[PDB]
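J.: Chain by chain, the residues run as shown.
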Amino acid sequence: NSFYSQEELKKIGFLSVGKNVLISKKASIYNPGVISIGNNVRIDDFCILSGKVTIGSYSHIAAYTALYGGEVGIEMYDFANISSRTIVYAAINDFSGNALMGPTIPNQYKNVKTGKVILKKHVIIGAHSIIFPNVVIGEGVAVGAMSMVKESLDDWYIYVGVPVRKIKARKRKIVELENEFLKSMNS
Amino acid sequence: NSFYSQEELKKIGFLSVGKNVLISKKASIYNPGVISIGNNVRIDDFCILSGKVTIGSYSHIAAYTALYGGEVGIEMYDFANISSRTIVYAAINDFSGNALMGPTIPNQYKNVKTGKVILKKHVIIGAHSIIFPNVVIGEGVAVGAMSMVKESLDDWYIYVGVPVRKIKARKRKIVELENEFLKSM
Amino acid sequence: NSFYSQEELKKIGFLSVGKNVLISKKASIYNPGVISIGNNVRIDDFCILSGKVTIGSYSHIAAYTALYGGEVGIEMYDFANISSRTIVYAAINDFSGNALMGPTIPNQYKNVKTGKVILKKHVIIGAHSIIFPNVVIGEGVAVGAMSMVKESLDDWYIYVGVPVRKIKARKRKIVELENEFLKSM
Ligand SMILES: CC(C)(COP(=O)(O)OP(=O)(O)OC[C@H]1O[C@@H](n2cnc3c(N)ncnc32)[C@H](O)[C@@H]1OP(=O)(O)O)[C@@H](O)C(=O)NCCC(=O)NCCS
Ligand SMILES: CC(C)(COP(=O)(O)OP(=O)(O)OC[C@H]1O[C@@H](n2cnc3c(N)ncnc32)[C@H](O)[C@@H]1OP(=O)(O)O)[C@@H](O)C(=O)NCCC(=O)NCCS
Ligand SMILES: CC(C)(COP(=O)(O)OP(=O)(O)OC[C@H]1O[C@@H](n2cnc3c(N)ncnc32)[C@H](O)[C@@H]1OP(=O)(O)O)[C@@H](O)C(=O)NCCC(=O)NCCS
Ligand SMILES: Cc1cn([C@H]2C[C@H](O)[C@@H](COP(=O)(O)OP(=O)(O)O)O2)c(=O)[nH]c1=O
Ligand SMILES: Cc1cn([C@H]2C[C@H](O)[C@@H](COP(=O)(O)OP(=O)(O)O)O2)c(=O)[nH]c1=O
Ligand SMILES: Cc1cn([C@H]2C[C@H](O)[C@@H](COP(=O)(O)OP(=O)(O)O)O2)c(=O)[nH]c1=O
Ligand SMILES: [Cl-]
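Chains as they are written, first to last, in the authors' numbering: chain C, 2 to 188; chain E, 2 to 186; chain A, 2 to 186.
Because the hints were derived from the structure by calculation, they are not lab data. We put the beta carbon where it would ideally sit given N, CA and C, even for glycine. Some clues are possibly wrong.
[Stated by the list, open to error] In the DSS-like style, the derived pairs of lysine-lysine whose C-alpha atoms are separated by at most 30 angstroms in a straight line are:
no. : chain 1 : residue 1 : chain 2 : residue 2
1   : E       : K151      : E       : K184
2   : A       : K111      : A       : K122
3   : E       : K11       : E       : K27
4   : A       : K20       : C       : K117
5   : E       : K26       : C       : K26
6   : E       : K167      : E       : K117
7   : C       : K20       : E       : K114
8   : C       : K114      : A       : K11
9   : A       : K122      : C       : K151
10  : C       : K27       : E       : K26
11  : C       : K26       : A       : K151
12  : C       : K121      : E       : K151
13  : A       : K122      : A       : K167
14  : C       : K151      : A       : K172
15  : C       : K167      : E       : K111
16  : C       : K27       : E       : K114
17  : A       : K20       : C       : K114
18  : A       : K151      : E       : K172
19  : C       : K11       : C       : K27
20  : E       : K121      : E       : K167
21  : C       : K169      : E       : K121
22  : C       : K172      : E       : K27
23  : A       : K11       : A       : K121
24  : A       : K172      : E       : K172
25  : E       : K114      : C       : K122
26  : C       : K169      : E       : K167
27  : E       : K121      : A       : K151
28  : C       : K11       : A       : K122
29  : A       : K117      : A       : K12
30  : C       : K11       : E       : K172
31  : E       : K151      : E       : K167
32  : A       : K167      : C       : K167
33  : C       : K26       : E       : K169
34  : E       : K167      : E       : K20
[What the hints assert, rightly or not] Some, not all, of what chain C presents toward chain A, calculated at C-beta under 8 angstroms:
no. : residue
35  : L23
36  : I49
37  : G52
38  : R86
39  : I88
40  : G103
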């Protein structure tokens with residue numbers, strides 16, 4: 002394995018880091034100062050966390066995943082997971098041609114769309130997917146592999162495609178299993 | 002370039018690693034102990050090889066490619082190649098809502114689907130593709146870029162889309178070139 | 002941030018490299034002697050530039066992006082930007098079954114398709130996209146996320162899909178702004 006030690010970790014300088022947080026040494030963490038991580042979290046190789054990013058507990062950010070929180074930030078609630086090679090954007094430039102583009106160029110010439118991105122509890126994003134700014138992913142939502150998400154998504158559904166369409170209900174058993182797991186944790 | 006010396010290879014300790022095997026120091030190899038590698042194989046920057054993976058000979062695995070063989074294994078026969086940024090999964094979690102998810106939770110609470118992934122000879126996988134567990138990709142199968150493969154695939158066909166659909170037969174002239182090529186050695 | 006200093010850049014040995022140039026140390030650069038960079042370029046972690054590549058000025062190459070310039074080359078012009086996880090190939094292997102495949106194999110048995118690739122001014126390439134060889138992406142072209150490009154694209158259009166299709170005109174307003182920005186300089 003490739004993860005930082007508890008020793009190495011406290012030395013990163015996160016706004017917050019819980020316990021049993023496993024982080025690849027091969028990930029990239031920009032501005033840990035604005036990054037909070039709960040407990041039981043895994044962040045694999047070649048991830049990039051940048052800007053404002055909050056992660057709860059029980060979350061795997063699989064390899065190659067980029068979270069660009071910029072300023073408004075990205076929030077994951079507990080039991081959210083993100084599969085490989087996913088990108089989440091809290092800010093994006095305007096593609097229309099009404100705006101010059103990117104970090105090379107002064108702000109006034111651009112027309113950056115920005116907006117908090119939220120992943121609620123039990124959201125799972127499949128591999129190679131893309132989430133855009135200002136998007137709340139509803140509790141329980143499953144998004145398929147190679148998905149593109151530009152708009153908010155209603156609780157407890159499964160979505161696929163570019164851009165995603167609602168294809169079926171997500172089952173809630175998962176909520177019973179969460180309840181059980183916490184109780185095994187209990188007494 | 003960015004490859005191991007033949008020297009340093011030996012110091013990784015694969016189940017087995019043949020000759021003329023170029024593997025980027027920028028790859029991530031986990032649990033080399035269950036990975037074997039034949040001859041004339043290139044693995045490029047930022048690849049990941051995890052768990053049980055078996056690569057024959059004359060195979061390129063291109064940059065960013067993730068092979069997660071876990072316990073059941075991925076296996077690739079000779080002259081099989083994978084283009085950049087592919088993921089081969091020998092194990093996936095249940096997305097239905099019937100299970101809790103990922104490596105952060107106990108296995109009683111989950112419903113991991115698992116099953117060996119094999120790519121037969123002369124298989125080519127296009128870039129940005131995803132092969133899920135329990136899939137035999139038949140000999141001479143070509144899968145297009147940006148494709149997703151959840152079921153086994155018939156021999157000598159070209160497949161594309163998400164999930165893939167069969168679009169036409171692959172030419173087999175490469176059988177000849179294999180023969181003619183092995184010949185001259 | 003993971004960038005080289007003005008200093009270390011000079012040691013890399015780029016054909017040419019201008020000012021305000023930030024390249025990630027996490028990037029891989031092969032054969033930097035055929036690679037050339039204007040001014041006010043940014044190249045992010047995990048990018049790969051390989052063989053012949055030429056970038057003008059005011060361009061961002063975002064993270065994970067692979068540019069395989071080969072011998073023919075890839076050229077971007079001023080104000081072209083490329084989003085994350087893109088790949089641009091100036092050379093590719095033939096999938097049809099008429100040839101054997103990849104770098105593990107002698108040229109005489111392959112059937113490499115190759116040709117210069119060009120991104121004209123103001124091109125924007127969407128995240129997770131692929132550009133095949135021998136194409137010109139028209140001036141002012143935007144190509145959506147997760148799109149695949151196999152042919153030259155007409156100027157001032159937005160294209161999406163796999164492979165792309167034209168969906169609407171790109172506003173030419175950016176020309177005004179390019180002037181206004183450059184005037185102000
Ligand atoms: C989304 C997913 C869970 C749905 O699978 P399913 O519930 O078994 O449903 P089906 O395969 O029958 O597909 C239903 C429909 O959506 C389409 N579809 C399925 N997955 C799709 C995807 N990823 N993108 C686009 N369309 C998809 C199918 O073509 C089918 O279409 P139709 O009914 O119009 O013919 C699964 O296909 C998937 O993408 N899983 C992602 C796995 C992953 O990323 N894992 C990381 C490892 S833990
Ligand atoms: C698979 C591939 C070879 C097929 O293309 P081809 O044999 O030239 O055939 P065509 O381009 O005429 O395509 C036939 C149909 O498939 C579709 N198609 C082709 N490639 C597709 C892909 N990757 N995904 C979805 N559809 C695809 C076309 O839209 C066309 O559709 P239609 O029948 O509805 O019109 C090619 O497009 C591809 O994906 N190559 C991948 C190369 C790669 O990843 N290289 C790595 C560097 S070596
Ligand atoms: C291409 C893009 C600009 C178009 O957005 P838009 O101008 O708002 O257009 P719409 O969302 O109305 O969609 C227009 C049509 O294109 C389709 N479409 C949009 N984006 C698509 C994509 N990336 N791939 C395939 N189809 C797409 C829509 O389904 C719609 O189809 P219809 O007219 O048949 O219903 C945007 O969808 C996109 O892909 N942006 C990429 C952003 C990125 O990669 N950013 C990097 C960080 S700065
Ligand atoms: C994928 C990955 C694995 N590893 C290590 C830690 C794991 O114990 C081991 C197995 O990899 P992985 O495929 O994540 O296995 P699992 O699904 O069993 O957790 O390899 C890393 O250090 N970094 C990574 O990015
Ligand atoms: C792509 C890549 C190339 N290289 C080096 C070794 C290759 O011989 C050289 C050129 O590779 P590449 O650009 O892929 O060219 P080709 O397709 O002809 O093999 O750069 C690496 O070390 N690591 C890599 O991940
Ligand atoms: C993505 C990325 C960021 N960084 C650093 C430099 C940036 O100033 C910072 C975050 O940049 P970014 O998230 O791209 O946004 P902005 O356009 O607001 O700068 O982190 C790197 O060094 N390499 C990278 O690949
Ligand atoms: Cl990637």
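J.: Does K172 (chain C) pair with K27 (chain E) here, judged by a C-alpha cut-off of 30 angstroms?
T.: Distance of about 41 angstroms is beyond 30 angstroms: violated.
J.: Given the proposed pairing of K27 (chain C) with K114 (chain E), does the C-alpha separation stay at or below 30 angstroms?
T.: holds (28 angstroms)
J.: Run the distance test for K151 (chain A) versus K172 (chain E): straight-line Cα separation, threshold 30 angstroms.
T.: Roughly 21 angstroms separates the two Cα atoms, so the pair holds.
J.: Given the hint that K111 (chain A) pairs with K122 (chain A), does the C-alpha gap stay at or below 30 angstroms?
T.: violated (34 angstroms)
J.: With 8 angstroms as the cut and Cβ atoms as the points, is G103 (chain C) at the interface with chain A?
T.: holds (4 angstroms)
J.: Can you confirm whether the C-alpha distance between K151 (chain E) and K167 (chain E) stays at or below 30 angstroms?
T.: Judged against 30 angstroms, a Cα distance of about 13 angstroms means the pair holds.
J.: Would you mind confirming whether the straight-line C-alpha gap from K11 (chain E) to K27 (chain E) stays at or under 30 angstroms?
T.: holds (17 angstroms)
J.: Given the hint that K121 (chain C) pairs with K151 (chain E), test it: the Cα-Cα distance must not exceed 30 angstroms.
T.: Roughly 28 angstroms between the alpha carbons, so the hint for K121 (chain C) and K151 (chain E) holds.
J.: Check the hint pairing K20 (chain A) with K117 (chain C) against an upper bound of 30 angstroms on the C-alpha distance.
T.: Violated. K20 (chain A) to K117 (chain C) sits at ~34 angstroms, over the 30 angstroms cutoff.
J.: Need the status of pair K114 (chain C), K11 (chain A): alpha-carbon distance at most 30 angstroms?
T.: Violated. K114 (chain C) to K11 (chain A) sits at ~36 angstroms, over the 30 angstroms cutoff.
J.: Does the alpha-carbon distance linking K11 (chain A) and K121 (chain A) stay inside the 30 angstroms limit?
T.: OK: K11 (chain A) and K121 (chain A) at ~27 angstroms, within 30 angstroms.
J.: Can you confirm whether the C-alpha distance between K151 (chain C) and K172 (chain A) stays at or below 30 angstroms?
T.: holds (21 angstroms)
Checked against the numbered hints above, the structure breaks hints 1, 2, 4, 8, 11, 21, 22, 24, 28, 30, 33, 34, 35 and 37 and satisfies the rest.
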